[PDB]
Amino acid sequence: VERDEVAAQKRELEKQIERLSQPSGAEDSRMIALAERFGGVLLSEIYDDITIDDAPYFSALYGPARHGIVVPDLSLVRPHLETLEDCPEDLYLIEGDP
Amino acid sequence: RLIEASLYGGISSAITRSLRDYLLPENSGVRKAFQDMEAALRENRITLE
Amino acid sequence: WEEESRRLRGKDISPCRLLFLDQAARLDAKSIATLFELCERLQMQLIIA
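Chains as they are written, first to last, in the authors' numbering: chain A, 644 to 741; chain B, 199 to 247; chain C, 1385 to 1433.
In case anyone wonders, no lab produced these hints; they're calculated from the structure.
Some clues are possibly wrong.
[Stated by the list, open to error] Computed beta-carbon distance windows for the label pairs:
{"#": "1", "chain 1": "C", "residue 1": "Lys1414", "chain 2": "A", "residue 2": "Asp729", "range": "49 to 59 Å"}
{"#": "2", "chain 1": "C", "residue 1": "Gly1394", "chain 2": "B", "residue 2": "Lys230", "range": "32 to 42 Å"}
{"#": "3", "chain 1": "C", "residue 1": "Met1428", "chain 2": "A", "residue 2": "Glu728", "range": "35 to 45 Å"}
{"#": "4", "chain 1": "C", "residue 1": "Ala1433", "chain 2": "A", "residue 2": "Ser702", "range": "54 to 64 Å"}
{"#": "5", "chain 1": "A", "residue 1": "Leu734", "chain 2": "B", "residue 2": "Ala238", "range": "27 to 37 Å"}
Where is the CB? At the ideal position from N, CA and C, for every residue including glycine.
Assemble the whole structure, with the sequences as input and the hints as a guide.
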């Protein structure tokens, strides 16, 4: 039982380390995919070199949109929006010059 | 690469093969996946030795 | 490249298009004519020597 508990802990740790791994932000998935589906640069990458002191403020301000994607036009994502069934259940999109 | 390929264009040139370079992005995902395989293999080798 | 970037640029900005070729004598009259046809159709500049 103890060994299995420790194994579960290690599995969680490894999964989360992966979650923090690449390439910027959490992962290369639908979110990084929007960087080419449209010009959807990742917000977190857009503040890649944020100072550790502003990083908490940045995170709190950006809220769940912390992992949002900056796209000068979101009327433009509209044509492809119907494609996104395989996407995080709830996906942020932002307007502005990345 | 666009520049030099235009400078020395035509079919009979390296361009026609280095197409796969000039047209295509470099994928970090496969690079990372290969590194992860490498780590797995390293651990396997260590254990076996 | 333009399809990608024009989205990420001022909506009234149209980047310049310019290409090159050395030993342009590998071209002949019809070659020149058709290349100019398509070049104009694509509003692009040539430095062919």
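Ascending list of hint numbers which this structure does not respect:
Nothing - there is no hint that the structure violates, so all of them hold.
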